[PDB]
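Visitor: For this one, chain B is given, so just place chain A with the ligand on it according to the hints.
For reference, the chains in residue letters:
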Amino acid sequence: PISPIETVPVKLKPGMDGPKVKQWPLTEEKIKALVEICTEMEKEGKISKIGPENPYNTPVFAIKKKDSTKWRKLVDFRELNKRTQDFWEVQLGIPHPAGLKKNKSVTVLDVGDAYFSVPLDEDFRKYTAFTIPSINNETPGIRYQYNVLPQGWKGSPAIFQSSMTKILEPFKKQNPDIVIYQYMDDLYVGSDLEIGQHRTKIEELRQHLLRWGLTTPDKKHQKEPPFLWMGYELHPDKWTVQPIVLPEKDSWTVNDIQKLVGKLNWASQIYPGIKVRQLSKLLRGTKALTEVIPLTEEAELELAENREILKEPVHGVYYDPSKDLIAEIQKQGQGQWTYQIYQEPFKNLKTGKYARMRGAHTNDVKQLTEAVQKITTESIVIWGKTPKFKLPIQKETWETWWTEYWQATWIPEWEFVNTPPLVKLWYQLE
Amino acid sequence: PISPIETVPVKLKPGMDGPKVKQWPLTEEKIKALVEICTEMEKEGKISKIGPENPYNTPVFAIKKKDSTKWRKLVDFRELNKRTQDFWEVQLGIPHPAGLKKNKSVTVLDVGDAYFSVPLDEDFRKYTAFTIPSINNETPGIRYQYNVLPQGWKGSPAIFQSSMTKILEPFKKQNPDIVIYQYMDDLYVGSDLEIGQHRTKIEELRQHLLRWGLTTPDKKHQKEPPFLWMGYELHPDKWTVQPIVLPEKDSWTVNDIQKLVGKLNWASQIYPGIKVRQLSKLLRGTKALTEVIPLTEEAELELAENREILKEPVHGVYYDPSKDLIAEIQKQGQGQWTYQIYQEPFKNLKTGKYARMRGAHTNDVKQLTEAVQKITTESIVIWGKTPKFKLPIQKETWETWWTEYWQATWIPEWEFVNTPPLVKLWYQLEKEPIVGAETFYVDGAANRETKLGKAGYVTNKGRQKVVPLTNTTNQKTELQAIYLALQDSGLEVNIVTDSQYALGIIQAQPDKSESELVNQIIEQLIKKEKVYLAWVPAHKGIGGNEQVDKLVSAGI
Ligand SMILES: CC(=O)c1ccc(C)cc1N[C@H](C(N)=O)c1c(Cl)cccc1Cl
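Same order as they appear, the protein sequences are chains B and A. Just so we're aligned, residue 1 is where the first sequence starts under the entry's author numbering, counting upward by one. Just so we're aligned, residue 1 is where the second sequence starts under the entry's author numbering, counting upward by one.
Worth flagging that the hints you see were computed from the coordinates, not collected in a lab. Treat the hints with care, as some may be off.
List of simulated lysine-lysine pairs, DSSO-like, C-alpha gap at most 27 Å [to be verified]:
(1) B:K390 / B:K73
(2) B:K201 / B:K104
(3) A:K70 / B:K259
(4) B:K259 / A:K476
(5) A:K476 / B:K275
The following block holds chain B by itself, in its conformation from the complex:
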C-alpha cells in the first residue's frame, strides 16, 4: 500500500555525486535468495526496478542473521553514508550517552524492519540503487531502488529518530533509569539490574514495541553450549583490561632476557620512561645462549619499577571525535586474537583479547569475522562510532567469505594488512 505520509528532502554534500560501487560476485544460491527477497519487497512497494538512466549502485548480500535459516538482505551503504550521512551526522545526528559504557548490562535488538513503512524523498531514491548480479555476467544486473527507508542506511534511523523517541517515551517514562541508544537498525538498552530482572524488562520493551507498531523484535531461540534464549547481552561492566602480562617465571636464560628486552623497547613507543639499559647490560657480554644467568642488582631495579607502570597507565587518554577510530586485530593463539583500538598511533583507547572455543568450529576466517563484529559493537557502545579495521588477511579472501558468518546489520570500513608485525608476542597489543 502506497502511504500518503510526507517525506523529508535529502540533500547531500554538493560536489560529491552518488555512489557507484562495484557489486561483488555472489554464489548462485545467494543470488536466488536475494531474488526471492527482492521480488517480495517489490510487491511490498518498498523497492522498484529502474532503467539505465540511474547510473548509481550499491552492494547487496545474503546473510543468515536470524539463526541460520532464512536469508537476510544486507546492503553495503558504507559509501552512501559517507556521501550523505556524514553531512547528516550533524544535520540530524543522534547524540551518544557517555554512560552507556559505565552501565552494568546491555542488550542489542534489531529495529530495522521499522523504517519499511516510512516513505523516502522522491528526488533521492536514485542514489539508493543496488544490483542483483547475474551469474557469469549472463544478463545485466537486476536494478531496483528503495521507495521507502533503507535498512542499511544511516540516514534512515535519523529520520525515524522522531517517530522512535515518541514511541519510546511511555517506556522511558515508567522506566527512567534505563538508557537507550539508536545506532542504525539496532537499539542498545542498558540496565544495572540483575539479568533475570533485566531480561524481563526487555520482553517488556519488546512487547511494548510490538504494541506500538508492526515493529517486530525478532523472537528468541537457543544456540551455543550453555543454553541462551534471546537478545545479544553485552556486559560493559567488565569492558576493561591490561593484556600485557610479563613472564612470571621464565626469566633465567640469555634468550629469555634477550627476546624480553626487545618487547620492552617497543613498549617505549607506548608507555614512556621504561629503563632496560641496566638490564640489557647483563647481556652485552656476547655470552653463549641458553646460559642460565641470574638477575643482578642495579638491573633488578629496572624490572619491578617498570612492571608497575604497566598496571596503572594514563597519559593522553583523550578520544578525538574529530578523528576516526582505528582498530587493528592480530592473529595469535589457535583460538585467541588481539585487537587494539586507537585514533592516533600507540595512543590506545581500548585493548582487548578475543578467543572462540577452539573446537566447535576452528575456522580461521569465521573467528576473525566474529572478532571484527564484536570489536565493533564494543566501540558503538563506548563511542557510537564504527572503526576502520586493519584486517590481517587477503583482500580477495575476505570479500569472498565475510558474508558467510556475518551476523550484523552494519558493515564497518576495512583495510587489509599485508605486512607481518613483529608485534606478535605471547600477549600482543599496539
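Guide: Same frame as chain B, now just chain A with the ligand:
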C-alpha cells in the same frame, strides 16, 4: 520502423547545456550524398526537420568506407556525450564461454538498425540538432534532429539494451527455457530443439520483434555455425580461439612484446601450460613501445616452449550443473602456476595461470593458497559456485602453515594429488633456542654513500670472522652476514641478529628466489639440522651487538 516502446528520460550533467558547433560547410557531392539518406531517414521517421528555433548544431560527416558501394553517412557526437548524464554500465562484465550450457541448435540475428528503431526522449531530441548548407551556402535551412537512438551516442547502448531486455520479456514467457543473449548488434538465441522445431520458434521471435518496430535483415540464419565473439570461437558443444597466431621476428620492440604477452595470456584460457614468466619479466624497463628489447636465453626457451602448445588446436567443454565441479592446480616453477577446471575427466572446462610478480621471496604455500583464491573468485564469477580442489599438498604441511603463519585464510574442499613438483616445507626454524648449539651473534652494515659494506660475526666461543664487501646494500650485507653464520656453523645453530628486515625474509621460509644470495642461504637452511633465530635492537642494543657492530665499521 520506429518502436512504440516507452523511451527512457535523459538529461544533461548538472547545469550543462547541449553542444553548439556550426561546422564548416562542404559544397561537395558529399552535401548531396547526405540528403539522399536524410530525406529517406526522415521518411522512415528516424529523424525530423526542426524549426529554426534554438536547437544547437553538432558536426556531420558524409564520408564513406573504402569502395563502399553504399555511401553511408556518420555523425560524431563527441561533445554531446560530454554533456549527457552517465548511464548504467552497458557491458561492465563479460560472459565467459566456459560457463555456458550446451545447446543443440543456435542461431544469431543481426540487429543493425536496432538503435535506429528505438525512440528517443521527446525532450532530449533538440540536442541532436544538425545542419547541412548546400552550394553557395545560401540554404543552411537543412536542419534535422534524431528521434531514435543515434549511432555512436552515449546512451544508445545502455538504453537499447534496456529497451531490448523489456522487449524479450513477454516472449520468454509464452515459451521460456529458450536461451537469448544480446550483445551490441548481436542476438544469440539457443534452444534444445530439433533444427526444424527450433527454426520454428525463431521465425516466431522474428515476427514478434517485427511487431515492435525492430527488424531482422537476415532471413532466418545467416551467421555461420563457427562464431567469432570477442575472439572466442563458439560451437554447439565446444569453444576456443581459432585465430591465435603470433609472428616471429628477430629484433622486436615493447610495442610488439606487449601484444605478444597479450595474445599469450589470452590463450591461457584453454591452452594448458602456456607460461609468460620470463616473457614478461623484461617489460619491467621504462615503458617505450618503440624501444627494442633484446631477447634473453630464457625468453627464447619460453616462447618456443609455448609455441609447442599453440601450434596444435585444443578445445573446451561446456557446463552441466547436474555434475559436480572440480579444478586441479600444478606448479610450474619460478612463481608460475597453472590450473585447469573441468567436470568430466580430461573434458577441459577452462584453464588459466597465476603469478606472484613485482614482489620477491615468498613461501611456496602462500602461493598455492593465493592460487586457490584467484580460482575461487573466478569460479563464482563464472558459475557462481566453488569447485572441489585437487591440489598437491599434504594436509599436515598445510595445517602447520596456517597454524604458524600470521595472515588468516580459508581453503575450502581440497584433496591431495601426486606430481613431481610436490609442494612442501623443507625447513622449520627452532621455536625455542637450541641448548647444545653454538651461538652466532651476527652483524652487518654498509657506508650507504660509498656502497662498500662489511659482514661478519662473533661466537660464544670467541670465533670471530669478517669479510669486506663492495657494490652492495646495507640489506644485502645483513643477509650475507647470516649466510656466513650458516656456512661456518655446524649442523644445529642459534643465530642472533640486529636486522628486523633480515629476520622476516627467513621466517617467510621462501624458496627459489631470483636473488642469488637468498638461494645460497636457503640451501644452507635445508642442510642444517636445527636452527634457532632471535632478534634484538640494532643500535642501543646489547647482548653482544654492542661490540659486534663496532667491529664491522671502518671508513666513514
Ligand atoms: C550469455 C550467453 O548466453 C551468450 C553470450 C555470448 C555469446 C556470443 C553467445 C551466448 N549464448 C548463446 C545462446 N543462444 O544460447 C550460445 C550458448 Cl548458451 C552456447 C554456445 C554458443 C552460443 Cl552462440
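Visitor: Check the structure against each numbered hint from earlier and tell me which ones fail, lowest number first.
Guide: 3 and 5
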